[PDB]
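In C-alpha cells, the next block holds one chain alone, the form deposited in one PDB entry.
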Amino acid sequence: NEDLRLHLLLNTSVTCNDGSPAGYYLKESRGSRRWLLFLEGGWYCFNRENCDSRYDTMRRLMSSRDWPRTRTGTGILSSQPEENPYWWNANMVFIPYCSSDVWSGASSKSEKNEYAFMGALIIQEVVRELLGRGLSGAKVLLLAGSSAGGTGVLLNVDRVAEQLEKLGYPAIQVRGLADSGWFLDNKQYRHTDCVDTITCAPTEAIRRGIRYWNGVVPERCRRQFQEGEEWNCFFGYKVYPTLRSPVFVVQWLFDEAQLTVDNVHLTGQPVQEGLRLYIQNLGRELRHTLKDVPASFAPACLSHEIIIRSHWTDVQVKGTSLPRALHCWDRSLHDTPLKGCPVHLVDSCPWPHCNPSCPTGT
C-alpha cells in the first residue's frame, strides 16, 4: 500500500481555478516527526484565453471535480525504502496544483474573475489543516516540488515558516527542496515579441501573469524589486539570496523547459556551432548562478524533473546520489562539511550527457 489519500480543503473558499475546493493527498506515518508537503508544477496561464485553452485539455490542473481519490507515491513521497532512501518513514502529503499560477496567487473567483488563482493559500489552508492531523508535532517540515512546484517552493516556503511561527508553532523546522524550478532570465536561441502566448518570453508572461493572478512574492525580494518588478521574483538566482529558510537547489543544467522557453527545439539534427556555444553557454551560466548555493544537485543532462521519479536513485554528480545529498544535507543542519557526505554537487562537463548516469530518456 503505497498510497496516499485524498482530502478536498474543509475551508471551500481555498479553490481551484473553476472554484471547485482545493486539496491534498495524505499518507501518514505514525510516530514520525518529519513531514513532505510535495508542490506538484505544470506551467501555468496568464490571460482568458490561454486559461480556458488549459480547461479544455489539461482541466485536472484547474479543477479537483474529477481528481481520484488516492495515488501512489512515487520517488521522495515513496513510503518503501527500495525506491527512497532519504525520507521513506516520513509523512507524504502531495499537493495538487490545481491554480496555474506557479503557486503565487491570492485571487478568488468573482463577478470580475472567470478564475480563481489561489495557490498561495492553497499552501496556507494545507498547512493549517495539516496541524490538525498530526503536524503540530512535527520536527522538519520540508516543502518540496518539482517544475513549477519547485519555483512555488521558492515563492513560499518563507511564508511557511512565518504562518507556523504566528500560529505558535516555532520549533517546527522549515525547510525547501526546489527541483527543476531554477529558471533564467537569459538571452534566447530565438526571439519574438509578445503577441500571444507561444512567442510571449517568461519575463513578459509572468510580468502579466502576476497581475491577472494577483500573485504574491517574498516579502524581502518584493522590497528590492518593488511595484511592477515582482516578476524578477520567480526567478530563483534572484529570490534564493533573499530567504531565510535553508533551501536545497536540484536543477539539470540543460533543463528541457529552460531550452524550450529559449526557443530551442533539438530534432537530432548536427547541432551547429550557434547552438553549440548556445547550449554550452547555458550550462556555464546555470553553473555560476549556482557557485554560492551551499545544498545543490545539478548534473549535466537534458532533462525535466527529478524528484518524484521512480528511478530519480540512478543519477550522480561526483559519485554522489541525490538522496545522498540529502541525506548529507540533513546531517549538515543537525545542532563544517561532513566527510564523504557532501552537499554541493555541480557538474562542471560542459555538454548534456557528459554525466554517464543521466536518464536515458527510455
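Rigid core (definition): largest C-alpha set, two forms, superposition within 1.5 Å. Residue numbers count along the first chain shown, from 1. First, how it differs from the form deposited in another entry.
- The residue among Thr192, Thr260, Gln280, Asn89 whose Cα moves by 2 angstroms or more between the two forms, once the core is superposed, is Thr192.
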Contents of the next structure:
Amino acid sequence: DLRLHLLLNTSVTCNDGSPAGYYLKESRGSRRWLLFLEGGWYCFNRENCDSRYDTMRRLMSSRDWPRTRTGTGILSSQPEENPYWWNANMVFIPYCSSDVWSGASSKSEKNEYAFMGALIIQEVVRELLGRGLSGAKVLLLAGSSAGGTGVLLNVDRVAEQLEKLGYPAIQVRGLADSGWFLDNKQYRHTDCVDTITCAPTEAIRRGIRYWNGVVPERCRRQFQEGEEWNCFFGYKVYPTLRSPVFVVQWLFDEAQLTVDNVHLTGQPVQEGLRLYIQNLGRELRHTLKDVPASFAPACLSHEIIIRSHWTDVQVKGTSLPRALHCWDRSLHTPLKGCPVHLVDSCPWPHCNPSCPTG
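Alternative state: the form deposited in another entry, after the form deposited in one PDB entry:
Here you get just the chain by itself.
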C-alpha cells in the first residue's frame, strides 16, 4: 500500500551515497501523519560498517529497495490491525544511515560513508509538505529500536523545522518504541568488538564521534563537549525535550540484554543472573516513573508498534492502541478511565500474561 519515493534532493544520501527515500500512502480525508523511523542497530567504525555493507546493505543503500511496502501494525490502514490511527497518512522512512538517525555529515574524499540520518528526516519532512503535510494537524514521529532512539533525537528538531518554515499549527509528537536504553554495566564483560556485543555506553561513545552525530539542544548544553553520547539514552534526553513523547519499552528488551551480554536460552538461570535481570527491570521501571505517557510491559521481546499483533499486549488491562488514544485526548489532568501511564511492576520476564509468545 506504501509507495517508494526517493528523495528529490539527491545529496541527502544513504551510507553508500545512494539517495535516501520514504514510502508513502496518502489518506486525503485525514489531517494526521505518521512518519515511522525504521530501526536496525548501527555501525560505529569503518571496518565494521564494511561488514554491515556485505550482509545488511539494505540498511546502507537504496539500490535494491522495493518500489512498494506493506504497512503493518501502527502503519496499517485496517481497523482490525490498527485500531488507533488506521485512517492516517502513513510514512515509512527506511533506515539507511547506520547512525541512530543522528548524522548530519556528507561523504567526501576523507570519509568512506555518509551519515545523514538527521538530514534524511528533515528532508523527508521538507518534501512531504508539498504532498499534504502542510495541511496536517498532528505529525507523529514514530520509530522502533534505533528508530525509537531516533525519535528522541529528532522530535524537537522536526518541531523547530516546521516552526521556522512557517507551520506553527502542526502539532509534532513523538512515539519512541524500544529505543529507551540504559547505560548500565554488562552482566559479563566484553571488549567493544562487533555491534551486538559491545556495551551500550561504549557503542554510542564510538558512534557519535564516527557519525558526527547531533543531539537535542538543551541536552547538549547539559553534558557539553565530549559528553553528547549521554543524549542517546532516553532517561537522560527525555527530560530536555519539549515535544510530547510517548515511550514504549519492554522492561526486558532483547537488544538491551544483548548489549549487556545476557543470553536467556538455556534452562539454568543462576542466582547471579536472576539478580541482574531483576535489577535491570527495576532500573528501567525507575527511569519511567516520571514519564507520564508510557507503555512498559514486563516482557522479554524486541519492538512492538509495527508488528501485526501489537494490539494483543496489555498493561493493567489497557492495550497500547487504547493508551495511545488516551494520549491523544490528553493533548486535545488525568482522564476518566483512559490511562496513559502503564508500567508493569512484576519483576520477571513474562510475569505479564499478555507478553508475546513468539
